[PDB]
Amino acid sequence: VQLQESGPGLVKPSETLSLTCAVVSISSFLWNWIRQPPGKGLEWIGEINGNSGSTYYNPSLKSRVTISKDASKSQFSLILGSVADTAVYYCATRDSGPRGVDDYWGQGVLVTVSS
Amino acid sequence: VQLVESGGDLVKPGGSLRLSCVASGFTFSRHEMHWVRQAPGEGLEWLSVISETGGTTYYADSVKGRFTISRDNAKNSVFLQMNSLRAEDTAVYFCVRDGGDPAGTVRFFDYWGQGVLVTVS
Amino acid sequence: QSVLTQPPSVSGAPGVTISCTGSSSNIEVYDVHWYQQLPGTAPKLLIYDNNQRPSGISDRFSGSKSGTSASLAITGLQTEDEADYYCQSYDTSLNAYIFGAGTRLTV
Amino acid sequence: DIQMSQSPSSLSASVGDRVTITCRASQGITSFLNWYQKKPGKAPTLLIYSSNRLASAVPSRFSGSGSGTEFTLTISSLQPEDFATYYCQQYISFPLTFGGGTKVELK
Amino acid sequence: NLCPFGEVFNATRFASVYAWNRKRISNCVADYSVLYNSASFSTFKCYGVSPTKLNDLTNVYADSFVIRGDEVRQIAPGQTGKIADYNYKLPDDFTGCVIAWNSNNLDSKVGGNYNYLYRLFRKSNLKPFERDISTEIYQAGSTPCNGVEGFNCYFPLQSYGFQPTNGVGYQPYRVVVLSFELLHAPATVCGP
Amino acid sequence: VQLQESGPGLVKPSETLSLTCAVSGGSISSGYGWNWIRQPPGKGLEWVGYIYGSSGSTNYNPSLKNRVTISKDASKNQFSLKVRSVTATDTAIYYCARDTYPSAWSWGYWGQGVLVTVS
Amino acid sequence: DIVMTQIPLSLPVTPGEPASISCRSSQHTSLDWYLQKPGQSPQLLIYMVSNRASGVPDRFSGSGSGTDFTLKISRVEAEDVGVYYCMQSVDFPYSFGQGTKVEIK
Ligand SMILES: *[C@@H]1O[C@H](CO)[C@@H](O)[C@H](O)[C@H]1NC(C)=O
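Those protein sequences? They're chains A, B, C, D, E, F and G, same order as listed. Everything in the first sequence is counted per my numbering, starting at 1 for the first residue and increasing by one. Everything in the second sequence is counted per my numbering, starting at 1 for the first residue and increasing by one. Everything in the third sequence is counted per my numbering, starting at 1 for the first residue and increasing by one. Everything in the fourth sequence is counted per my numbering, starting at 1 for the first residue and increasing by one. Everything in the fifth sequence is counted per my numbering, starting at 1 for the first residue and increasing by one. Everything in the sixth sequence is counted per my numbering, starting at 1 for the first residue and increasing by one. Everything in the seventh sequence is counted per my numbering, starting at 1 for the first residue and increasing by one.
Just so you know, the hints here were simulated from the structure itself, not pulled from any lab data. Fair warning: there could be bad hints in the mix.
FRET-style restraints, in silico, Cβ to Cβ [unchecked claim]:
(1) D92(E) - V13(G): 44 to 54 Å
(2) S75(F) - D93(E): 23 to 33 Å
(3) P40(D) - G41(A): 51 to 61 Å
(4) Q1(C) - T80(E): 35 to 45 Å
(5) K109(E) - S62(B): 44 to 54 Å
(6) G108(A) - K109(E): 38 to 48 Å
(7) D73(F) - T80(E): 44 to 54 Å
(8) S63(D) - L10(B): 37 to 47 Å
(9) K45(E) - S75(F): 36 to 46 Å
A few chain B residues that don't get close to chain E, going by computed Cβ distances all over 10 Å [said to hold, decoys possible]:
(10) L17
(11) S24
(12) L85
From the three backbone atoms N, C-alpha and C, an ideal C-beta is built for every residue, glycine too.
If we strip away everything but chain A, and leave its shape as in the complex, we get:
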């Protein structure tokens, strides 16, 4: 089932970066955020666990980053602080099971900061 994302759209050059990913249960899958600057490759920024067990972050960006998710609101969000920037944002996962590998991703939304 598809994942839709939402954010502010415009952001100051010294503000914070925050956006959500409305989504199947949170407790089923391990969830993930990746991004894409213009003219550059994809960048993994961090990943959370499904039962809220732990969080893992990209160590270059692991200075003011925070991923939190709800357990009932079907919510999943990112909090990057002190904003590499000016990119489009994806929330993603990889389903599995008997009938192959599904790998649902989201559409994306562009957040334009000063770099």
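We have chain A already, so just place chains B, C, D, E, F and G with the ligand on it with the hints.
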């Protein structure tokens, strides 16, 4: 893409004969290559099949036990080692290339061979 | 579905049919195995592989598994068979060994 | 197996008409049928697959249809290079069974 | 005085390859050239014992699992692959035979038939004659996943998905593996 | 053959209970499939674990989430059961077992059992 | 971290000829292959070292042991346009590839 048969001869009933359809123009180890025959004055009739690794086969009712289909993926050729050739096995023997992934719901014959004539008399 | 189901309790006189019916995932693919547990004791292997009795057994005990339903016949019970009777198949849905709910024999 | 039976025996009319050809069946083959095109003296050629979808490099003249047991090939606009025999082929079950062949001829 | 070969060779529905049946066959007088004279089996090859002269010379088991057609290469002593390493590994000193026949009219349906599974990933290879029925999530190299799956963590089972019109290499072959095992014990199954 | 359990029978919740089934008459390093099966005192049996003798690959019951673990100490010929973060519903009578014949689907050859309750 | 590099930065391929994308990392192994058709999200097509995804066509094939892996496009029909990425998941810092824009001729 081209498929060239071999092994045309005349058969006294009971001898041993072997065909060889060398295939070319495509990657060979990814399709099921097999044999369809046609007696003169008669319509076409399916004969055999063999998998993409020479792992398994399935014959028709009339030819089960007498024939043997084989392949060598390095030599890019499919064979038909024939035994107990009855009188009614006087036909043209085509070699066919099912086109489609081996795993798909689509089975169709893409490129035929020209067919060699073998007479049983 | 996906669970074996015995009757609650069976009883009789000297002179008892215990059935463990299962679903499409439980049996018709696998084998039913009967255990008997004396009250306050370890259970005992009674019927395995739907009818094969182990070394040391009575003869009035016999399993008959046909299709998606098994049965344990006790014709003419003795007064020393008052115990529990469970059934063990294997499930594919939840993918674990399924024991039955439970039944007991009373003379 | 499933015995495919074409109808009619042969067909002939003026060049440019809309000719038709069918391939009935005995047991159900749920919309699989392939049509092959054989000219006398050469190898046969694939015409359409899965009873609707046209093949590689086949021009858009011929089109097929059909569902279940009754199938139909439509010779829409007859070109003069098409007087030949056509074979229908099912693949829902081994052994594969071709049609008897319907011979079309230019007038 | 006979064996239940009408329940092993003619069951209505076999099991998957990762969770394979095994029925101990004892108290028999068995005729092994009943199936060998039938010859409706695409594979019938007796390793170690002499085939068709084995109706004369402790107990035998009977495995039951249906795989795809080109996977019958693994059901042999000394094979590798997705069956002989992770699902069913025959030992190096096997004594018996594998019987496989193309059961395509039975075990596949229109659309998919997603009942028969296999185990794509597993942390190590099987010791010979060992099952594994666990469905814990398989991590690949680093990240621990507490019952969850995503990147780097996969569901271990995966279906076959038998279409009625796949190729001949991808079709349900019902494989029955008889393991003849004589021990220092009085025999209960011999030939007549 | 012979199989005798051990272990403490009273525990405080959210701890790890350890139960060793000491066996005799046959070596654990074999093709045999060794087992744990628990029973609450009212309801009835329910399978909890499994371990293959030679390799030592462990297979559990997925209704129990990730709590159980089974290790087989081969020098003393015994195997354990450690369900962690226990609760008041994991208070049962535990029976170690061994399958009937190699790679069977059932088991004779039980033990006497213990009764571990959790206050 | 663990970083990789594709050997072609961009690739011209005529319709019909086979293609080849290689990938050379720093140090059953997780390495992925994606497709960014222009203006959409990426899509999985090779999920471990040699496997195939759910709705991928039969043309692609993952391969390669060690470090040098290869996703071989067998018959490049006129819709395989975009870039191709390598995800190494053997450690915590997940790293995508650089991308390789394929070119039709
Ligand atoms: C299995 O079924 C076939 C078909 O009815 C029968 O001929 C055969 O005797 C049966 N038993 C065995 C052991 O093959």
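task = Can you let me know if the beta-carbon spacing of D92(E) and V13(G) is within 44 to 54 Å?
result = holds, 48 Å
query = CB of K109(E) to CB of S62(B), is that within 44 to 54 Å?
reply = violated, 29 Å
message = I want to verify a distance hint. Is the separation of the beta carbons of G108(A) and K109(E) within 38 to 48 Å?
response = The hint (38 to 48 Å, Cβ to Cβ) holds, given that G108(A) and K109(E) are roughly 39 Å apart.
key: Closest CB of chain E to the CB of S24(B) still more than 10 Å away   = Holds, because the least Cβ-Cβ distance between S24(B) and chain E comes to about 21 Å, which exceeds 10 Å.
query = Lying within 35 to 45 Å: is that true of the beta-carbon distance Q1(C) to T80(E)?
reply = About 38 Å separates the Cβ atoms of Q1(C) and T80(E), which means 35 to 45 Å holds.
query = Within 51 to 61 Å or not, the Cβ separation of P40(D) and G41(A)?
reply = holds, 59 Å
request  = For the range 37 to 47 Å, tell me whether the beta carbons of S63(D) and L10(B) fit it or not.
outcome  = At 44 Å between Cβs, range holds.
key: Least C-beta distance between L85(B) and chain E, which was stated to exceed 10 Å   = holds, 21 Å
message = The hint says 36 to 46 Å between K45(E) and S75(F); measuring C-beta to C-beta, is that right?
response = holds, 42 Å
task = Determine whether the non-interface label on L17(B) survives the test: each CB of chain E must be over 10 Å from its CB.
result = Nearest chain E Cβ is 24 Å from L17(B), so the label holds.
task = Please test the hint of 23 to 33 Å on the beta carbon pair from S75(F) and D93(E).
result = holds, 28 Å
Range hint 44 to 54 Å (beta carbons of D73(F) and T80(E)) holds or violated = violated, 32 Å
Checked against the numbered hints listed earlier, the structure breaks hints 5, 7; every other hint is satisfied.
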